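One structure is given below, encoded as structure tokens.
Removed from the display is one protein chain of the complex; every other protein chain stays in position.
Think of it as A, B and C in the order they're written, each chain with its own count starting at 1.
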Amino acid sequence: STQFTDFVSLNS
Amino acid sequence: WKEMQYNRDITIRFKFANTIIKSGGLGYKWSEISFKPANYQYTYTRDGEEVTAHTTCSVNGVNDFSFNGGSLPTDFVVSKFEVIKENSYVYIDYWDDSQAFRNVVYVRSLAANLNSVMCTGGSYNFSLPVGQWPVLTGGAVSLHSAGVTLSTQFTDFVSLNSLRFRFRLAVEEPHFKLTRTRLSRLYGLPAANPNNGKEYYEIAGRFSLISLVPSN
Amino acid sequence: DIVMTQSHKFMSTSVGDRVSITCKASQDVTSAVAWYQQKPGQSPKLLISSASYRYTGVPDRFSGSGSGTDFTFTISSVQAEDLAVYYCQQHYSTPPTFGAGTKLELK
Partner (left out) sequence: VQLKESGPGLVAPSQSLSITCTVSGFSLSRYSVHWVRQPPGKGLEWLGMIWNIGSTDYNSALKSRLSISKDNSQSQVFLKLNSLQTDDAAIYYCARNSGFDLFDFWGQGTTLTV
């Protein structure tokens, strides 16, 4: 699961 | 393998749901008013051709209140009822029939540019056996976009995909109130009647996707 | 290419009374119409975002309503500073489209 915010991608 | 860009329109339509459970006894007490996931199916039309889509609405970060009108066998209490407020989120899943959602496997970046919507609440009657009935009416909140998340499950060499939209919340002008009580004029949206007799809500916007696709 | 059509180009009004400005849509735009104001020698300013939702730094005498294809913009009482031109935008589809523009003439 990866999270597409504005700054940088944060996956887990 | 090669990188591409997809700029399409989007309309998402959703609902809420709930569950109301009483306690056993003489009929004057209530144990739970809470949210519950709901799903919806629809068809809309882009520039070229119609598309059929699905949603599923959920919630997180829930504030829960209560009322205690004494302790007798014949009095009105509510053990828990839920409400959505500033410290909370609304989650909406979305998957489509279109040609663009085939390439949402190896995503490099994704952005969305939606506009806001307001959800207001209706009214609900607490039907006591003997006496006048208290009602719970009012409440409003507005939804603002806060990010997109993709997730995969791995089950026997087959991936199971999901695409979730996030929405943060801000309280609005009508306050909710519970008649024939002391509980006084709070803000937020309770789960008594969220839909207010509507068929659906609606948000429209655009998105932009970049992904690796297999180059021919 | 949804076409936003304002029926009038001039409005005559006095210093305290009601003014209403209308515009139609070619298609069904589900409550997604904005309103703008351009005083002489300025840039436009956003007043009403959705079909009814006012903005923060806007006086109380401005309002709006409408759904479907017909939409309105009202002023409860005029002042001398309300002489400007007004626009209705649609923010429902991919090219945003403006109206024609209706000048308000104070009598």
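Just so it is clear, a residue touches a chain if its C-beta (ideal position, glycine included) is under 8 Å from a C-beta of that chain, and two chains touch if they have at least 3 such contacts.
> With the full complex in mind, choose from C:22, C:31 or C:49 the residue touching the hidden chain.
Hidden-chain contact among the options goes to C:49.
> Which is it among B:5, B:66 or B:68 that touches the chain not included here?
Of all options in B:5, B:66 or B:68, contact with the hidden chain holds for B:5.
> Looking at B:34, B:56, B:79 or B:115, which residue reaches the missing chain?
B:115
> Which parts of chain B are in contact with the chain that was left out?
5, 7, 109, 111, 113-116, 204-206, 208
> Need a quick check: the contact residues on chain A for the chain that isn't drawn.
On the side of chain A, residues 6 touch the unshown chain.
> Need a quick check: the contact residues on chain C for the chain that isn't drawn.
Output for chain C: 34, 36, 43-46, 49, 87, 89, 91, 94-101.
The rule is simple: only the chains that are shown with their structure count from here on.
> Starting from the mean Cα coordinates of chain A and chain B, work out the distance between those two points in Å.
Computed from C-alpha means, the inter-chain centre distance equals 22 Å.
> How big is the gap, in whole Å, between where the Cα atoms of chain A centre and where those of chain C centre?
40
> Multi-chain contacts in chain B: which residues touch at least two other chains?
Counting only residues that touch two or more other chains, chain B contributes none.
> Would you mind writing out the residues of chain B in touch with chain C in their complex?
Residues 9, 47, 115-116, 118, 202, 204, 206.
> State the interface residues of chain B toward chain A in the complex, per the touch definition above.
107, 109-111, 147-152
> Over in the complex, which chain A residues touch chain B? Could you list them?
My answer: residues 1-6, 9.
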